Every structure is written in C-alpha cells, then in structure tokens.
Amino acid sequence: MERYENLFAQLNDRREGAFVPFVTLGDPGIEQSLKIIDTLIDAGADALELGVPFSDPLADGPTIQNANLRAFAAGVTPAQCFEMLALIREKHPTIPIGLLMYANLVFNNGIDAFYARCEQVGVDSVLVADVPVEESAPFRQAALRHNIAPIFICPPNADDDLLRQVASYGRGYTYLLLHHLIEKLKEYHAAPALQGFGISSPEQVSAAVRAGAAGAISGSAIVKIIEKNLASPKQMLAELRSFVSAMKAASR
C-alpha cells in the first residue's frame, strides 16, 4: 500500500505536521493496550509506532525497558502482538502503522517470513533498531518485496555518506534524531523526516515542523502516562486522550 505517501500528501494539503506516538504492544496488557491504541487514534494520532516486547532492548531507555517488562509480566508474545496488529488494522484502514523491532525477532524464524507476516496483518513500516544501514540489505530487500517500508535512523552527526545511504534505502519516512540534516535529506529525495528525539510537549511538536520536518514522534511521554496511571485504567485513557489532542493540535 501507500499509506505513508497518502497520509503525507493529505497532511501537506492541510499545511499540517504529523503527530506519531510510540507505545509498546501489550503494555500493560493485551486488552488495555488495544484500548490505549484506539484512544491514541481517536485523539488525533496521524500514525503509530509500535514496539514488540523483546528481552534485551539495548536501544531503549528505562521508560521503555519498563514497558517491555510490564508486557512480559502479562505474558505478551510476538505472536500475540501480530494478533493485535490485525485487529488494529481491521478497525483503522488508513492510519500508517510502523513497528520498532529488534533484529533477532525479525531474523528468528526467517527474515522473509517476518515481513510476509507484516504484510498479511497490514503493517506499513519496520524500523529494526540494531541493524545499521551497513548491515541492512537483507532486511530492506525483504521489506520492499512485501510492500513494507524499511525505516532508518538518521543520527544528528550523520556524515554525507550516511545521509546518502539513508536517503536511498529508507521509505515511508526518515527517522530523524541549524536544520542542516533536514535540508540535506530533502536534497537527496529522502523519505519525509519525522523528528523523534525529545518530543514530550506541544511546543516541541510545533518546533520540529517549523524546522522543516514533516512531523514528530513521541514515545516516552506516551509510555510515561501509561506508567503513571497503572492503578487507574480509565484515568489513563482520559490522560492519554488529553495529551495526544494537545500534541496533535500543535501540528496544525
């Protein structure tokens, strides 16, 4: 499909940035995660980034390490996560859905098979946290064969060789961590840039778009709301809705 391309064209027609929250699938449980994700969409999320719990998430900070542990406490498996993804896509046909994966979960039972499963449940992109562009060929190839966009991190100090690789290899969007990088990425016809570091307040959403990025990704701020409201599931959803509405409003 072309869900990212459709979303960005529609957002451009409204002179609008995208707001993309990150949550861990199954945190703090399967049913509550499904409600959390529906609330994020209903509150105005333009796209989702969704992590599959992994034992050794060596690219995530403590807030997300704890989300993984909560999901594991509930017995959440990658198999169950794919069941969730199919339910989510069935409720929401057009929202782009990206996964944040660790390499072993992609490689485990076959790279091609993983991306085929992604295609079958309606996923749009996969960012493999511990696969640098230098190692990415079998991953991005399998992604593209199954109509999945491979997403790559563009680090703040990326040199020109890295910028060219990320521009050539990525699709869907460029995960972006003096707006020099944004201009070079556009110069190299990269996928539209989403700013992903330090997005916790509406002011940061507006500032990322003003710099020339197509939108902003916020995960820790969303996950911290889940963490803070564990004992009150209903207040959790209400606080999620309040926060995403404010963040999305800042992209208009």
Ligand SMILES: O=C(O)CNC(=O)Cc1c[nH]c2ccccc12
Second form
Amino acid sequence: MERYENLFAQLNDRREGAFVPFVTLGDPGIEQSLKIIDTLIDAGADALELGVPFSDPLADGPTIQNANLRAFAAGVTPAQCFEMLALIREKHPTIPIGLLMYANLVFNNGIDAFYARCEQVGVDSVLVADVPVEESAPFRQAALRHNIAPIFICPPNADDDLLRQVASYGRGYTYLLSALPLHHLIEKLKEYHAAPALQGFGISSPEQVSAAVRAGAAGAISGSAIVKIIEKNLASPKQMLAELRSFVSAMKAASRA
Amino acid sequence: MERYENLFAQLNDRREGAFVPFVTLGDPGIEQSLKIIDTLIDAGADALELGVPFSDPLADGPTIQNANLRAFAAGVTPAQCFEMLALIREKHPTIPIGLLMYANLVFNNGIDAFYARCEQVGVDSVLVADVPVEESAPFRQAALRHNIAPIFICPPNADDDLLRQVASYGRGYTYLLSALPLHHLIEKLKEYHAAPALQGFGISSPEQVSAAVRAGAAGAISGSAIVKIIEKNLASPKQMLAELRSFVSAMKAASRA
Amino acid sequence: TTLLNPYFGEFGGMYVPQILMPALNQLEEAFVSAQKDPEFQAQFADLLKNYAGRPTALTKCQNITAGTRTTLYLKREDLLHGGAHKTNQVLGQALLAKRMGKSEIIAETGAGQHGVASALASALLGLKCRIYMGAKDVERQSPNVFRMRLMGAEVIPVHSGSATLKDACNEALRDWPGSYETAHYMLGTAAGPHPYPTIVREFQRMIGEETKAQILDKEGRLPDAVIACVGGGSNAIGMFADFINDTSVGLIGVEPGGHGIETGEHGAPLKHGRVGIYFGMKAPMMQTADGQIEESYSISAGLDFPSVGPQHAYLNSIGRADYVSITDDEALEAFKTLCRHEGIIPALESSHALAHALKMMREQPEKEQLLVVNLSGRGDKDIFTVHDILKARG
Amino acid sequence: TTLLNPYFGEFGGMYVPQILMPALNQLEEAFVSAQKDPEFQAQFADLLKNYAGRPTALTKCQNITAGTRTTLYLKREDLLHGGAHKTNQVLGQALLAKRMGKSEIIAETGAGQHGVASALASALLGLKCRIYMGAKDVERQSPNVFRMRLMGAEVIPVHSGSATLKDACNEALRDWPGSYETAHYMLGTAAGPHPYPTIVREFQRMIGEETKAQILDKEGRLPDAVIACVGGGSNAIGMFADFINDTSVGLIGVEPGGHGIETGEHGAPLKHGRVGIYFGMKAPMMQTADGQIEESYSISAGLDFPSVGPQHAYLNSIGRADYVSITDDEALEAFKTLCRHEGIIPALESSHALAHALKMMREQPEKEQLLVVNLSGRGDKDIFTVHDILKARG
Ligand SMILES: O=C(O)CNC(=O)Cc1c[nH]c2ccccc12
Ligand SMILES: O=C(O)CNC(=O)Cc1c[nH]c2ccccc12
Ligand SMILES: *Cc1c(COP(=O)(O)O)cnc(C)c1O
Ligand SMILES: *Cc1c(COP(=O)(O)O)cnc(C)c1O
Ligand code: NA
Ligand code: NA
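Given the form solved without ligand IAG above, I would also like to look at the protein as it appears in the form solved in complex with ligand IAG.
All chains and molecules follow, beginning with the one already shown.
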C-alpha cells in the first residue's frame, strides 16, 4: 500500500501520470530478467508489475503465454521468483512492486502465508487474475492484514454495483481495463473514492499514455508491448536492453505531458 | 443310358466290377487333359466321369477346387469342354462318358438345350452336384427326353423314402456315396431295382475296389486320387502319364477280383 | 417334402447337394415349432429389448428437407447394439440353434459385419463360433477380425475361388454336412436355400412393425414410401414385410450402382443380371454369357453380393415393390449430407437408401410426400474409406 | 450474487477473471428459467427420445457372475447415439444456448469424444461450432478430428502449455469473454465454474432416474451399489444423483490408477491429489509441492483430467460416496472379459468401472449383492489401443 500513496502524491505535485511496465520474472532467465528490470527502472518506470510463471495462465494472451514458457524452460519456480523480488527491493527501496498471480500460486500453501511472504520481501500489491470480486474475501482480508494492497480489474462495461465494489475493496491503484465511455468509468471511480486508476491492455505507444492522463486516469500500464521486445531480441541481449530503454523512455516522457 | 447297360452286362458275364476314374476337363490344359484321359482309358478305366470347371463348386473338396482353378488359369470354358467331349467320343465309341455339373451350367441357357447338346456330342450321363431329388424334376425329365441318364447320389444314411426315390429316378448307375451298413443300402437299392451301384469318395487303393464288389456294388469311382496325381506331377507331364497308368492298372486289376 | 413353401413364384428353392437336405429340413421343422412356441417368442422379445436395445427410434430429419414438401424419417437400426440391423436375426438364429440342442455356429462374412454379429450372439448365448471369411476380405478388414477374436470366435480365411464373400458362402456349405448334428449354419442375409429367406425375414420383421406403429403415432397415417438398401435383402425385407399388405405404401429397394450400371462395375443383379441357380437358390445373379458367377462391385463392402434374396425378385416381378440403383458418388454425397445436417454418420450401405430419398425430394420439391428410410447401420467403420476418397480428389 | 449455490461444502465456486462473470451469470439465469419452463423440458425430453435413443436398456450379465452370488446389470449409455453418455448434456447445453439467442458454440476436447458430441448437437440444432483441441490430442486422434469436420465444426489445435486437454480448457476460457453475447461455451464435464457442475448434473441425471425405475421393475428393490468411472464426473454424477437420498444405496466412483498410485503416473486426484484452484473452481488437483498443475496419465484418454467435479469431492468428504482406483491392467482385463462373455465391447473409460465391480464379486464370491455398473460408452474407438498392447506383450 504506502509506496503507491507516496508515488501518486509525488506524481500529482509534478502534474505527471505514472508509466508502469509489466514483465514475467525469470524471462528469459533469472540473471537476464534482473538486468531487464534494472533497465526498465533506470529508464523511468514509475512502478513495476511483475508475474510469477504459472503452468496454466488462463487469463493471458499469446505474448505472455510464451514469456511463461520461456521462464519454465529456464527452470524458474515461485521460490526463485521471491528470491529475485528480494534483490530488486534491496536495490530500489521506493518503487512500488506489484505481482500478477494466479489463484492456485497464492492458495497453495495457505493464503495468509503467501501475503506474509510478499510483506517480507517488500512487495506492495498483488492482483489475482482469476479471482473476481465475488470470490475475493479471503484474499483481500489477508492482503490487508499484511499491508499489501489487493488490486482489482474494473472492466469497461462495469455496472454501478461493481464500480462500488471495486472502489471499496481495492487499494494502491484500480486496474482499469481498456460497452462504456472512459470518461464515465473514471468519474464514477473518483466519486466512490477508489484507488487511482491505471489504464491497461493495448497500451503500446506514447500517445496512449497522454490520452489516458487527459481522460483523468493516473497513469498507464504496458506489458504485451514490453514482452514482445524481449521475444524479438532474444538472441542479442544488448540490443534487447537498448530497445527496452528507448521504448520505456518514450512512454514515460509522454506522461510528463 | 445304353452304353452303361451294355458295359454292366459285359462286366457281369466276366464276374468283374467296373473302375471309373474322375478328372476335370481342361486340367491342367486342353491338350494335356486329352492325353490324360486317353491314358486313363488305355490303362483300363471302364467308364469316365468328367467335370466341367464352374467358378463356384460348393460341393467340392480342395483337390478338386484346385483342379478347377488350374483349368480356369488355362482359359477353359463350357464350350471348349463340349469340344473336347466330341473328340473323346470320336475316338472311343463305346466307353460310358458321364459329366459332373453344377446346376447353373445346365440351367444357363435352357435345361433342355443343355441335355440336347450332351446327346449330340455323345455323353451318356450327367450328375448335377447341387440338385437334390426334391428339385430334380426338370432336369431328370429333360435328361430322359434326350436319352441321357440322370445320376443321383444316394447318401449313407438314406432313409427308405429316399432309397425308393433314388431307385425310381436315376439311370445308368446309382452314385453310392461312402450312419448305416453297406450291406443294407446295397440290398435295398437291388430290391427297388435301382441302377447298379457304384461306390465313390475316399476310394484310393486297390483293396477298396475289391471290397466294394464283395459288398455287392458294381464297381467303384476314384477322383480325388486321380486328381492328386496330376497336382503332383505338373512339372513333368511324362512322369504324370506314368503314374496315372500305374495307378489305374492296379485299381482295375482289383475289380477282376 | 417341406412344411412351408420354399419358393416365391419362380424364385427360391433348395439347390444344395443331397447330403445337406436333412440339416435343412431339421432347421425348418425347429423354426415352425418355435414360431408357435410362446416361450421362445418371449425369450427372443426379451434379448432384443434388454440386450440389443429395441425398439429403435424413428428420427424426423427437418434440416435436410427444408424448403421442400418432403417429411423424411430415419428408422434408426444404427442405434442397435453392434451398430446394424444384422443383430436382430443372429439373436433369433442362435436361439433356434439352442432349441435344436446345438452347441456350435458356422458363419460366413465378407466385410466382417455379419462375422461380428454372429461372434457376439455366440458369446452371449454360450455357443462356440467359427467363421469363414475370404482372405481378401481378411486382409482389408483387420478391425472386424480382431473384434471377432475378442469375442471368442475362431476365424478361418478362405483362399479359394476369388477369396471373397461368395467363396466364403461356398466353404460354409462344405463344412456343414459333416457337422449339422451339433453345429448350426448362421447365414447372414434373406437369401441361400429354403428355409433361410423365410427365417431371416421373420427375425427382421420387427423393423417394419415398429416403423408402422411409430409413424402412426407421430403422423396419424402410413408412409407414402419406405426405402432400403439391397445387398442380399434382409434389412429391406425386414422394413417391408409388414407393409406388403398396405397397398398404398410404396416399397423401394435400392441396389448399388457402383461406377455406374453401364460400366458393368455394380451390384445390381435384381434389375441388371439374369436368373441363375447358385448358393442354394434360383434368383438373379451377376454372371457371364456362359454362366460363371461374378463379384459385385460397390464402394460399400456390405452390398457386394452378386445375387439377391428371392422374395425381392418375386415382389419386383408382380410390381408390388420397385427396385432402383445409386452410384458410389451418389451415396458419398448423401453420407456427407447427413453428417453435416443432422449430425448422424450413416453406413455407406444405408447412404444409398438415403441418396435415393434425397433424389425423390430434390427431383420434385413440391410433391407432398412422407418418406421413411431404414438407416440400417452407422458409419464409423466407413470413415477411413470416405477420408481416403475425399483426400484422393481434394 | 447468484441464484443458486456455487459451492458443495468447501469445493466449487467461480474462479474466473472478472470479465467472465457476466457470461456466467447470464448462463445461470437462462438455466433457472429453463428448468421451470415446461416447454423446454418437453423439447429436451423429445430430442433425447427420438434422436438420441433414450431410454437406454439395463442389461443383466448372467455369464460373468456365474458361480457367485453377485447379480450384475450394465446401464447401457454405449447404445446412445454417438456411443457415450456425453450426448445427453450437449443436447441440453445447446438447447440452453438457443434459449439465450446464441448462434455459436465453443468447446474444448481431449481424446475427441466431447468434440464430436458438441459437433453433432451443433449440426442438428443449427449452431456454428468451433472447437479447441490440444495439438498432442490432435495428432493422435485423427478419426475424431475428421468426424467433427464432417459434421461442419471448425477444429482449432492448441500448441500452448502441454498442448493437451487442460491447455484446451485454457483456450476456451480466453475466447469466451470477447464473444459470450452470441457464443455459448459448451463445457464437457461436471467441473469448471459454477453454474457448469450443476447444469451438467441435471442434464445427465436421467442416467440414474431410468436405472432406478428399470431395477425396481426387474428386481423389485434398489441396487446395493451403483458403480461409475470418474474422469471429470459427469457420467458418475448422472448415475448417482437420483440415488443420493436412498441412503442404503452404495455410490462408488472409480478413478484411473494408471501404472499404479505409487508410480505417481495416474489420474486420481480425488483420493491422491490436494485441494487447489484451477479451471474456475476449488477442487482436488494433480499438482507439484509448489502448486503448478500436472497431467493425469491413464491408458484411457477420456479419464485423463488432473482434477475432478466439486460435487464428487463433497460427497467423498461427508462419506455419502466412496471413491477408489483401477490400474491400466485391471481395466484391460475387465475389457477382455466383457467382449468374451457378454459380446459387448466397452470403452476403456467404463472398463475401469466394470474392473471394480468384478473385484467386488471375485473378492467375496459368496456375498449376496445387486450391482449396476454405468457402462458410459462403447469401445470401438479403443480397439487399436488394446490390440497394440496385447501385441507388444504377446
Ligand atoms: O499484457 C498487458 O498489456 C497488460 N498485462 C498486464 O498488466 C499483466 C497481465 C499479464 N496477464 C494478465 C491477466 C489479467 C490482468 C493482467 C495481466
Ligand atoms: O472326388 C472323388 O473321389 C469322387 N468325386 C467325384 O466322383 C466327382 C465329383 C467332383 N465333385 C463332386 C461333387 C459331388 C459328387 C461328385 C463329385
Ligand atoms: C450387411 C449390411 C447391409 C446389407 O445386407 P442386407 O442383407 O442386404 O440387409 C446393409 N446395411 C448394413 C449397415 C449392413 O451392415
Ligand atoms: C469422456 C468419457 C468419460 C469421462 O468423463 P466423465 O465426465 O468423467 O463422465 C467416461 N466414459 C466415456 C465413454 C467417455 O466418453
Ligand atoms: Na446383391
Ligand atoms: Na480426473
């Protein structure tokens, strides 16, 4: 929770939207993944969103399915992922670090313990891709108890009940998935004092970062896009790091205005 | 009919049983078949029993099935068979010549015409292997009208009705197929004044020819046996002719007593 | 001398070697006695309810007929256990085999359907089954072969003559005279010597009688025509029997036309061969000018018998049923129509019966007519053949 | 908020991404409304009578039980059209798809049985069907593949994850949120998110209700135990449902033991895995210490799902049903027993259900007991697999 209140406050003083990139931990291997993520940060990512490889990611598109398989081909497991989360937090003490999990990875050895281990290593949020609000009671309660914000997706046709729920249950940020006008979903999430909105899915050029700020959101999240850059330059790690720094620098300069 | 009354009369004057060998016409080819059959006669066959190759011989065992296929491999047809029957009768005017036919070969182009053509070329009997007495009316009537004897099988468990029928309907000879004691079937066929009995199937050494005479029959018919000798010596026609002359000479000397 | 008629007008009879007569006559007397035997009739009624799955539904096919004035129903013998109507009469010929005290069954098969059938009834009823299959049919029907051995039958391949279904039928008739005191010869069509055409009809006749009651209840009147394919005749005479006396009902039998009647490569002796005597009987055959018997040709294995049941030649001669022909193509189309429109994969045999009903509708689409096709089996056994064809063409 | 319960004690629920919720809720309301809708209930009753061939017989198997005190009956869903019980609930999920105004069907399949099923119901009912099959299941099930294309379905192979049934179930759930306004996701077992376990039970429940009436009429009392195999749970819960309130009747579910429980190569998560959340639901799964989901292993394709229906975990937890396991060997024996003794070739799935009933009799041959096994499909699809095994050993 705190790091994200600090960062949104800080960004509001500067009239700047946040730019949050997503990567799968351990893709394409643990050492490469660590250098990808110090690169994203030095280039200006405001927060990271980071996924732990799960054998059955029923909520992910193809780019992210292939990122999982690559991490599995290198042998990555949840345990190494929590190892990597500790080293990333030891180097970067203020960046907000959010995880994208599947339910069985959290429920596996006890839902309280999993949110304890995130508290220990210094994670600030977890969004559980297959837990809808109606199933979310134990996972939100537990996350709350360990000072970790539970993130919810707010879909684009959300009825009023759901808006009300998502605003009441979530913290840190509201994941505002890109019928139903922006300008309505955004106003209503402010009205119900929801966590600040981040718009995500489909976000892959600077102009959409400027637009999401203008529409009233606090920033935007990009993942398929970052993940493709990895997928394209596997054979030349140095060029991978260059294209990622360029893309991230462009996206975060668009949030400045 | 006449040739067979003449031959049994002649054999009774000499106190001798008849020995009748069976061959498929055109096996293993038309020219070879002609020399096989002049050999059987010069060796002492008293009468011939001669089969026309039929595509489906449901009453024949394997030795005779293979004789049919061989004649078919040489191209033999019913027409060539009637051609060969004329040349055999032009050389041998008194030997009784009986055919073993299947029903469709006789019924094919009219049952009267078939018994006319046998009358023309000089055949003396036809036994239709798939016509039982109960279906035999047209075939016997027609055969009668063209002075050809219709031959019937009398099986070894024949009840009295059947004995009575076979004795009334047949001519030339009664084909006495080898529960029920010989000595009974034989006495009863005399009692009902049936055509003289020839015992056949399984007849393959001299001692069975002597035995069938002693039991009261007029002679015996051998076919599987002759047919195997052909099947064995296909590759050496001259040796085939030698073994056939030897076997037939032995069988017919056993009928003398 | 026989208890019942052996002939249907000129056709029929018992044309077998004399030494098979007592097996025929003994069969015929067993069958007469069973047909009046109320116990036997309840025993057979119970096997066909609880084991084989009777009655078989009557399905309306609304999607295939839309925009015409045809109502088409499908009598579903594809739903009977073992997947074809062949099961009805094996149960009854095996029950007769028991009533005579026999312990053993002889059977002939071509594509292997009747082989199966007679292996499953012999397994259920505690008979020892041996079957004859031409070697050509052996080698191309290894699925069927293995099923009959699963079910405990002994399978014998016949290498003689053409080594197909007829050379099988020939080896059957050769073994039975040595064995008919403990072995029953379980013929698989409404053909061969009397009493086999009568017995196979009467153990297939419930096809027709349940079709009548099931149309009467659904439509309140009888069919304008019932339609069935004709390889030897049993499923067709089973469909038709109970309607021969309702003279407004149409009986239509369909023969295989193969490559087409004009190529001579077909299985349609009833309208295109000539009266001969072969397998025990006087009926139409596929034969030469000279009288040798030939093979039929059909894409469908099951219809490839170069002769036909004598009762079919009789009801053609008096004009109470009509007979026609459908080509390998025609039947492949009707098989693809039913799979895509009704979600029923039919046997290539039954597809010819449906091919003619689809031309009955397509030819005259505003003729009002109520049509039943006997769908005599399912067509899983035939999907490799149809994929291989479709593949060969693209 | 839901109209009915999503849970059976601890197990069940709707664990799906938020954007799939409205498709679930819309399904659940369609189903509630149909269940009180007398018209819908007559429409489904008529498809299952006239098209699919209900009621299915109850066969006594006297030969297998002789010399013991077991009475064994076989409920024959192998006689239902398409050859397995999977047909009952596709007809009903397609009829629901129509009632919502949908025109399109999504399906997942492994060995290809449920793929077929949903292709034939979509062909009959005028729906456009597309199916997802893992590529590994593609390549080894080319028979099924071709049948679904005959019947007009579009088939999509899934190359992700392990490219088998579960990676299929994953691609289903990914397409539906873009399409649920004209496309119904036709899940093929009593598992996944609520409402799918309840709906599949209630469209399979006539298995049980006709078994009860058919035993009551034949034996005048209820079974001591009903027995069924458990891959995801639908044929078993369809057999058991109507007997859960007749507490003297035994409910026994049989899981695949594969090579044996101790090798770890099995499909028996209910008694040998651990509670997890995967495919929409909280139930027992085959998973690592770490929580990744694994494949089951069974000689039988159809039982290879590394989780199980939640209603089965619930009735195990309260001791109203019992669950056990049968090995690839055990089931191969019971498949050869039924082919040679009763002339019924069963599916390798159902052979495990029969394997346990044969050990129930063989273990205690003078226990008086009335046993029904749900023979959930036939086994023609499985004879190459069993010939290849038997051949490998001699
Ligand atoms: O892929 C993107 O552009 C954004 N994706 C995410 O923010 C991360 C993500 C991976 N899988 C998901 C499922 C649900 C929500 C987010 C994710
Ligand atoms: O083969 C024999 O030993 C005797 N055979 C004959 O006499 C000729 C024959 C060939 N086939 C037959 C069918 C019935 C009767 C005789 C024959
Ligand atoms: C064998 C078979 C046929 C052909 O025989 P009939 O005796 O002519 O009925 C027809 N349909 C099926 C499904 C068959 O298995
Ligand atoms: C698919 C199938 C099964 C397994 O699924 P359940 O949902 O567990 O019933 C069992 N038997 C047959 C014949 C099958 O086709
Ligand atoms: Na025919
Ligand atoms: Na399972």
